[PDB]
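Single chain ahead, written as structure tokens, the form solved without adenosine.
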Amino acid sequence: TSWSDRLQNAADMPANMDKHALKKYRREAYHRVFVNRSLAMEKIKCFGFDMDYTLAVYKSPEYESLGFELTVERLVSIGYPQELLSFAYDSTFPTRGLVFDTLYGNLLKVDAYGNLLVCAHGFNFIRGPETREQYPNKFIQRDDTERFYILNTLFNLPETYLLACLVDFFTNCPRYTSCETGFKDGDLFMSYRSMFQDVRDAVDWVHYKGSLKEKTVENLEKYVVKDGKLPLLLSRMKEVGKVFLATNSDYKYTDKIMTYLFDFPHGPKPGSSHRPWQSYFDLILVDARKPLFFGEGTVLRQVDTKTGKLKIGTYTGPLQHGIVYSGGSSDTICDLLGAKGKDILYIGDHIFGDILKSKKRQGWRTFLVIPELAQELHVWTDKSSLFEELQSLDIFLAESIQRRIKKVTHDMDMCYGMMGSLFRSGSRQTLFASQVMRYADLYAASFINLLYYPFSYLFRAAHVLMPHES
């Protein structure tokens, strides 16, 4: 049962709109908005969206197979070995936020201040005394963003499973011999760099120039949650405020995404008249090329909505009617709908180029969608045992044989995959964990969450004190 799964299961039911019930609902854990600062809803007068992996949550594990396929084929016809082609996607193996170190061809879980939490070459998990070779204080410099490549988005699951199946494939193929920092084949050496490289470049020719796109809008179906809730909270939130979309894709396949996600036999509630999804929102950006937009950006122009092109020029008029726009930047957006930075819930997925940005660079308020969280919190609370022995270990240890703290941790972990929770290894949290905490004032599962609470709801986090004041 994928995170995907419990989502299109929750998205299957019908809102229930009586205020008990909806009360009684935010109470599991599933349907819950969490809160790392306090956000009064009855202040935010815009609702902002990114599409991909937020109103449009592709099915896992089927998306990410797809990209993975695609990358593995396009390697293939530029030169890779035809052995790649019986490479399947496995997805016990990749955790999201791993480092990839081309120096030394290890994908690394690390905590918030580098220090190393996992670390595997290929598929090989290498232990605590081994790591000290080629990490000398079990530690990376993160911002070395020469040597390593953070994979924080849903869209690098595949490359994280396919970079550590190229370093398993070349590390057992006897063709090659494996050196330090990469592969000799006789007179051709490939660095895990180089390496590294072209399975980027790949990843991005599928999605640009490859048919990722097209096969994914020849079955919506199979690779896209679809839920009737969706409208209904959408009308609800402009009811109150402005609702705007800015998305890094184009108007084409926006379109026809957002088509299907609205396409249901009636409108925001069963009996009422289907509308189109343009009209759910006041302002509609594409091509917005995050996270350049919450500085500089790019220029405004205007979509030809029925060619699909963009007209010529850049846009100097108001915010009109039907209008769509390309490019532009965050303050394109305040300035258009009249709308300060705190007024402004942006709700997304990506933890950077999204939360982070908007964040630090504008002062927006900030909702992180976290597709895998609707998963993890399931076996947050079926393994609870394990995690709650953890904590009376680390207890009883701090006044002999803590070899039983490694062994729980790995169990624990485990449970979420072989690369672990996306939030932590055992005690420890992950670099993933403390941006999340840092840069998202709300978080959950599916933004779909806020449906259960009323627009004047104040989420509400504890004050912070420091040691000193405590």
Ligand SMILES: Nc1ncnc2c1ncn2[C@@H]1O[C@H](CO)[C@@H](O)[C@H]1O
Second form
There are 2 protein chains.
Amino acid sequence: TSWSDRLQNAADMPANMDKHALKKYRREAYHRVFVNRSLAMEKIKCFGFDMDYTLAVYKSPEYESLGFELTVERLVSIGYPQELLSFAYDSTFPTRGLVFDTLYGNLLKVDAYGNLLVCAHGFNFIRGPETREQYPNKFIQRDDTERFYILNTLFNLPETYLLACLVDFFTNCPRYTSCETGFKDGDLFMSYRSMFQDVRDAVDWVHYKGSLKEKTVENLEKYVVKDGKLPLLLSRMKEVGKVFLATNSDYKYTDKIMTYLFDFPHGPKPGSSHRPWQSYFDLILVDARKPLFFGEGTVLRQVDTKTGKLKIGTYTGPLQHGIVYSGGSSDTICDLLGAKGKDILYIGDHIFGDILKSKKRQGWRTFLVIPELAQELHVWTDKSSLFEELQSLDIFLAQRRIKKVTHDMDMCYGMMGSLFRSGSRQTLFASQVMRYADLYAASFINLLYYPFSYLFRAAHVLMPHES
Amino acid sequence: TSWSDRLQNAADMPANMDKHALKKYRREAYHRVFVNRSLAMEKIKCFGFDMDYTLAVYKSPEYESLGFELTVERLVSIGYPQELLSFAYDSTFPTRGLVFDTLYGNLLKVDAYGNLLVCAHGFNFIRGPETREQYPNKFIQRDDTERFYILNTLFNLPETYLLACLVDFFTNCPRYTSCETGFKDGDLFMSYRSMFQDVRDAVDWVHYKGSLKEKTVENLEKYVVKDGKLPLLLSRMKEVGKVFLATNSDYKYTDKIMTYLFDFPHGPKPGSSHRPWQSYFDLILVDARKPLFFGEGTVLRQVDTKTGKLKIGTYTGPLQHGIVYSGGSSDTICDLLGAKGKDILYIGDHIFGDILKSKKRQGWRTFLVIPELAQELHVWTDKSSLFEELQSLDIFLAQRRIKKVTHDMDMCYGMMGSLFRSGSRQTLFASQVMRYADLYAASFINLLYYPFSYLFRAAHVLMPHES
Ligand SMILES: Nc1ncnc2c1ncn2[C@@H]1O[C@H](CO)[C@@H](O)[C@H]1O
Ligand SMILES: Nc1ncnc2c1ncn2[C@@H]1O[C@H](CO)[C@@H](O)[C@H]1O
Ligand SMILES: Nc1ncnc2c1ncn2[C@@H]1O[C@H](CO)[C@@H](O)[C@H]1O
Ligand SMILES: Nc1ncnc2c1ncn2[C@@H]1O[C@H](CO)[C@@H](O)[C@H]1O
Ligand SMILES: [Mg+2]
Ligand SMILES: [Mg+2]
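Right, the form solved without adenosine is done, so what does the form deposited with adenosine bound look like?
Complete assembly follows, chain above in first position.
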């Protein structure tokens, strides 16, 4: 059972909008909206959405495996060894939010301070003492973005596993000699940095020049979760405010995916006439280029929706019925919808590009979708006894049993552990969700289960000397 | 009674090192070390110190008033109006950590997200609705460091008040016409930005080219807190580890101030021979240029301690008895003392340059000295009933009484409120202390009251879905 299996099972249920049914439903952790900072829903005037891994959640492991396969094929076509074709995606290895160290070729799981929680070189998990050879303070400088790459989104799961596969392959293939910073084959030297860049380029290529989008659209049921409650939620949002789409995807792909997401024999609820996806939005903006979008952005363009090409010139006109924008900036949305940032709830999955940057640059309210949370919640409750024990062991310490229980707990989630922690230590990703996501949930659809006057409440924070 | 009055009263007490006396003493909030993240003191191998407002706490309001007076005199000498000479420092106005908005000439108290808590234009405190004219989302972009200047240290208290005095003066003097971004007098336009830069330049000038240091050193008792427990604490640290000084001050001024701080008729404890200040340090480094120090730093130089001038050339030799360094980087300290960052506890007052940057760039352990905390603690306990009420009002809301109690509470601290909050809203400074200071206290001397095997403990943090 994957996180997307849980999501599709919930997606298959029709909405029961009886107020007592709703209250009961949202008490289950799977259907709850979690609160880091209080948010009065009554004050939200505009609801904005990302598309990929927000509205359109790709099924796992099918979509990751397709990405993986095509990326490997691209690498082989540019000259990587044929042995790559023997690799197969393994959903049990990668956890999201890992850091690839391009100098030494390690995948790192770190905390908010750059402290190392896990270090894997290929499939070799390095113990603490051995990590000090390369990381003398068991620490990385997060500001060193030329060296370290944070794998933030679900799109990065294939490459997370592929990087490990490659390091493992070159390390153990006798044609190559391993060095601290890469591999030698005769008179050719491949640094881990150059390897990483090829992988990144190949992932970008499959999405933009290769066949990934074509294969996705040709079997949408295989690759994309569909939920009849979506138009219901959006129609309800439009009753109390404005609704917008601001997505990095282009118009043609956005149209294909959105059409599928609304492909039911009804509109908002069973019995109602079907409505085009575009009708649910007061403003539609593609090619957003987030997070640049939340700074200077790019020139505002108009899409010719018949051809899917951009019209020539910068668009200088007003918001009109049926218009679709491309590029621009977050100021485009504020101006055209008559909104200030705190009037906007933006809903997306990219902790950096959707949530951190909209919060820090513009003071938008934020809702982070974390698709894996459904599965993480199952594990968290199902294995609560290991964490409970760890809590008691930590307290009684006021040590090797702590390491053993930490490992056993972490292994329940996968080889790279929970998205949110290693034992008692919170990950960078956890810390960023807390600090920048006002609300978060396994799915944006969980908003459906709360009234629009709801006050999401978080406890006031006190400093140690105030407590 | 000022915060420095509280500190000097404690400084005047001799140490009672009876273990039961110590335990009793450190339970009083004034003498406690507060803990944001757990820290096992046994693992600390090196204790490092800043000088100004860490070891050498300047008396208030005398030192601020001297700085203020000299800065005003410098501004008048470059051509500012003679009316400036009628200003007098007022300790009741400034709180540390405010943001000067160079565009519109406002002092802002903000939270971690850039949300406005207080806005004063001169001495005119602007209400919420009126603030929206200039701050439409009641928000500033903290990343805009060319526009916004954060007044982080106690050295910035004079200029905090001076900026307000100037805006007030020019606004109300009929020789000038007020504009959104500055003041006109005939064919001369003075932007708030240019005004700010003159003030900053004048403060730097008084400290580096003017008479402030001379006046300070000529009456050390008037201007600097002295505490006979200092050599006791340092001697104890040297028993279990290494001790270093890394200060932005130059050798001559460092020597004057340090000599005063150790000027007692005894060494570590009454009855013992007096020892030169330098003897308490395994490494002494001046002209540190923090926070650049924690990145590339500057060339390592050697001080000629007889003349106080730097020797010509980069110093390429070893750590030797009696050597004093200038410049270099944090790597100088790690290499020469045989330390990794997590082995080092660095103690300083600069939230950005001492604490945030050492933590983020190098993974050092951190101790933030907050001299005002003594007074803030008095107010926090003495007026606990107003905060208690605010807590209850916030809960019962699940509004104008909330604003009234918030104001009354804040006014107990000064016109700009508490360093740490406005009502229920934490300030940026509070948030940064929590996130980057592992430990914090009113004085570094509070470490004396804990054994060196002490485990400072903070509760494990949980996300909302884990709770
Ligand atoms: N999750 C993230 N992904 C990518 N870059 C990030 C992330 N979090 C912070 N940063 C950037 O990395 C640097 C801080 O380590 C800054 O440039 C910051 O903008
Ligand atoms: N997926 C994994 N497989 C094997 N060992 C792991 C894994 N993740 C962490 N560890 C190990 O557990 C120890 C820390 O709990 C470390 O030695 C680390 O190598
Ligand atoms: N307290 C502070 N004082 C000055 N600059 C800061 C402070 N906190 C963060 N910054 C800097 O301001 C920018 C983030 O708002 C970054 O360049 C960061 O390094
Ligand atoms: N020092 C002050 N003097 C007068 N009013 C203040 C002060 N600080 C905040 N306020 C006011 O209290 C209100 C918010 O509680 C705002 O109108 C703000 O102007
Ligand atoms: Mg997305
Ligand atoms: Mg200092």
